[PDB]
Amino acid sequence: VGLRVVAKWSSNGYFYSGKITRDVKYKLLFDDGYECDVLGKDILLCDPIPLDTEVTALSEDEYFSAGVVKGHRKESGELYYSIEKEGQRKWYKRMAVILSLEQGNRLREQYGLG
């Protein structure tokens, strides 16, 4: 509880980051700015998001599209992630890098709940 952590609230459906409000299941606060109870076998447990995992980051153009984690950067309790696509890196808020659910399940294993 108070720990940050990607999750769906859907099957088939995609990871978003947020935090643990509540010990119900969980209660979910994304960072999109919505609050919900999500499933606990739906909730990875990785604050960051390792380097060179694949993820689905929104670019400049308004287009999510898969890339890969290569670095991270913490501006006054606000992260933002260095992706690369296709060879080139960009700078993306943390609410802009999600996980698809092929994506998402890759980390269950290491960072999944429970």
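Residue numbers count along the first chain shown, from 1. Take the two forms, superpose them, and find the largest set of C-alpha atoms that agree within 1.5 Å; that set is the rigid core. Compared with the form deposited in another entry:
- With a cut-off of 2 Å and the rigid core superposed, residue 30 has a Cα displacement that falls short of the cut-off between these two forms.
- With the core superposed, residue 64 shows a C-alpha displacement of at least 2 Å between these two forms.
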Given for the second form:
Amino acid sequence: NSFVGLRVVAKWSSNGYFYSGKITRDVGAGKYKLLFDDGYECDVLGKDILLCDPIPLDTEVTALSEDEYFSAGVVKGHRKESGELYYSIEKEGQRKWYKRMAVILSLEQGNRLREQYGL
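The form deposited in another entry, contrasted with the form deposited in one PDB entry above:
Below you will find a single chain and nothing else.
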């Protein structure tokens, strides 16, 4: 029906990763208003949005941690705890839990989901 209200990962800047967010409006012209998990709002083109909630298992992602901006890993599990999604990210045979907000996609990583989940 309508994509309003659905969670997504979307790239809002040219030099940008894909970040967890939520569609809030269909603003026409192939654009949607997005609400990122950090509270920032802006319009984003459909081609720059991946309709993923959660990011699928076996997906290569970037898991953010303090002083780590490019740590790549593979999603191997999801878990709901007190209404919050957690990702189990495998890196070098070891799995660690990350909150939804900390799991992002580089350009190359997002392009692998574009054909199946892009708008």
